[PDB]
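Next comes just one chain, in structure tokens: the form solved without the ligand.
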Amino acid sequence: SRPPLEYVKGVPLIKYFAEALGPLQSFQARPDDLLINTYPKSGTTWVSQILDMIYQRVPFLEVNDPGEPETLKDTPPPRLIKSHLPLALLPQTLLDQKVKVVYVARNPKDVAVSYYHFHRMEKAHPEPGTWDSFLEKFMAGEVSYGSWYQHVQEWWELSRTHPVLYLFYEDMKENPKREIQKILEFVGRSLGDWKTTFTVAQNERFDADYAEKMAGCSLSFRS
């Protein structure tokens, strides 16, 4: 009915995800688990689909389909877990057991455009309004799952002290092969569309804002 955003630990999320975040502190991560984590519209379903094939159900860590089965605890190892949850809301057990994570970072501008269209289709998400109204929220991190900047930067820093395979969405499009190899060697197994949406005014305001938030952060998204 296009409900407002509910904050959990200072991070905005849609009501349904916040509820499911309550019984999350009762999850126990196995040392052999594998987590696929990316900001919304950044390759979660893509990577999960690939890893799903290598192992041969990739459950969302923060979802609860009312009336249906929690099921991961009842699942045979090695388990595959997918989530869009930021490091700030990620179950502590995952970081404790040093579980391997496959993270994917996508171009900010492409994510904003895709997340916008997703907000229009998904009627349970808050009203995105105009493209300009939305872009303003995205930059202010006032969207479900919070700031893309924090989400993307925190997992980058964590990758320096934790088993995280930091991948880039662009590289999966331009060369799927070599990226699937990285994923295989990690788990230890073997086998500009935004330009038509962003106005020059919006793009300049974004680049200036991006230049400062990303100040002091080795991240680089070559074009």
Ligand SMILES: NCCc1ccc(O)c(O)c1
Second form
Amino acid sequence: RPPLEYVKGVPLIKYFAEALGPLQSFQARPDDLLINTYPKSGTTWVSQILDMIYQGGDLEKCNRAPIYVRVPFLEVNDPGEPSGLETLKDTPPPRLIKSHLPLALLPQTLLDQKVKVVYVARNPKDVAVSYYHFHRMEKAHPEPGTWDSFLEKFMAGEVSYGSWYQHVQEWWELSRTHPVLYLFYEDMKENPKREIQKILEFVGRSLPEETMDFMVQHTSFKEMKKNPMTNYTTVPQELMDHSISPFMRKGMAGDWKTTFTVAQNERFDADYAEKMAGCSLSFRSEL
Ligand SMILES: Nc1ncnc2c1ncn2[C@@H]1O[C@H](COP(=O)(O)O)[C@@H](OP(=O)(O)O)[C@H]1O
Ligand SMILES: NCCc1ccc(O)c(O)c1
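Structure of the form deposited with the ligand bound (previous: the form solved without the ligand):
Below, the chain from earlier opens the complete complex, with every other chain and molecule after it.
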């Protein structure tokens, strides 16, 4: 469990920090589609929906390989696996790219080329809980310690990829001057079909009503949990140890209520009120 490295004010996992070198040579294509999110906000879920739309709704094509192979993770630079930049050299256009990078660290080529971006945000409480367990099972992140300890660091933005408040705000802001579909995890939970339809419209594609419903079922938590091509059980137990905490934990909005103590919840609400003061952004802590 290596410590974080700071780059341009952003805490990152050593392997990611390093990948930033080669990334300066990455060339974006006009027809690329970027999927950006703060960690644990629904990356894998929207990646599956998008790969299905691109594969015309064919499940056997989506089965072609694990999601992290179909949707390369830009910064990924894990031990004993192809770098993200590498995997992208051989990915057939149009490409689907995954990333958690803040605007400060995102390769300029993506902005210059006006690449469309699908962004997904989730209420901070659930993100914090989900991120704590992820720290437990993902052997690449530093020691999370106790939940109380973690939560403190989460509020200070002292975790991989940095501040969640700043991440969601910047992207929300950028969606004025750049083509950005800004989605909400909770909305996706509430009415899948309604959201996938916004996506289809965004990428400018269309599908038969019946194919649509089909995706809805195969992008369900239940389904994605059994599917080994999307539940991350195909990576070594030295990268991810699912016995500690499954990658697909609960898939619920509102589950934070069973982890936050009343004291923690009070401390967090006050803090959040200060940080989100002048922002038009609005999150639903439950359904
Ligand atoms: N089809 C789906 N429906 C709902 N939640 C899903 C999902 N697929 C994955 N998730 C949830 O999305 C989170 C991980 O997101 P990311 O891919 O950005 O890391 C996890 O949250 P929880 O651990 O709270 O359940 C995971 O269980
Ligand atoms: N280091 C293992 C790969 C990894 C690390 C952090 C993340 O947030 C993610 O989605 C994937």
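Positions refer to the first chain, counted from 1. Take the two forms, superpose them, and find the largest set of C-alpha atoms that agree within 1.5 Å; that set is the rigid core. Only residues modelled in both forms are compared.
- Of the residues listed here (197, 49, 181, 64), only one shifts its CA by 2 angstroms or more between these two forms after fitting on the rigid core, and it is 64.
- Once both forms are overlaid on the rigid core, the distance between the two CA positions of residue 75 between these two forms is 2 angstroms or more.
- For residue 129, the CA shift between these two forms after superposing the rigid core equals 0.5 Å.
- Overlaying the rigid core between these two forms leaves the Cα of residue 88 displaced by 1.3 angstrom.
- Core-superposed comparison between these two forms places the runs of three or more consecutive residues whose CA atoms all shift by 2 angstroms or more at 64 to 69, 73 to 76, listed in sequence order.
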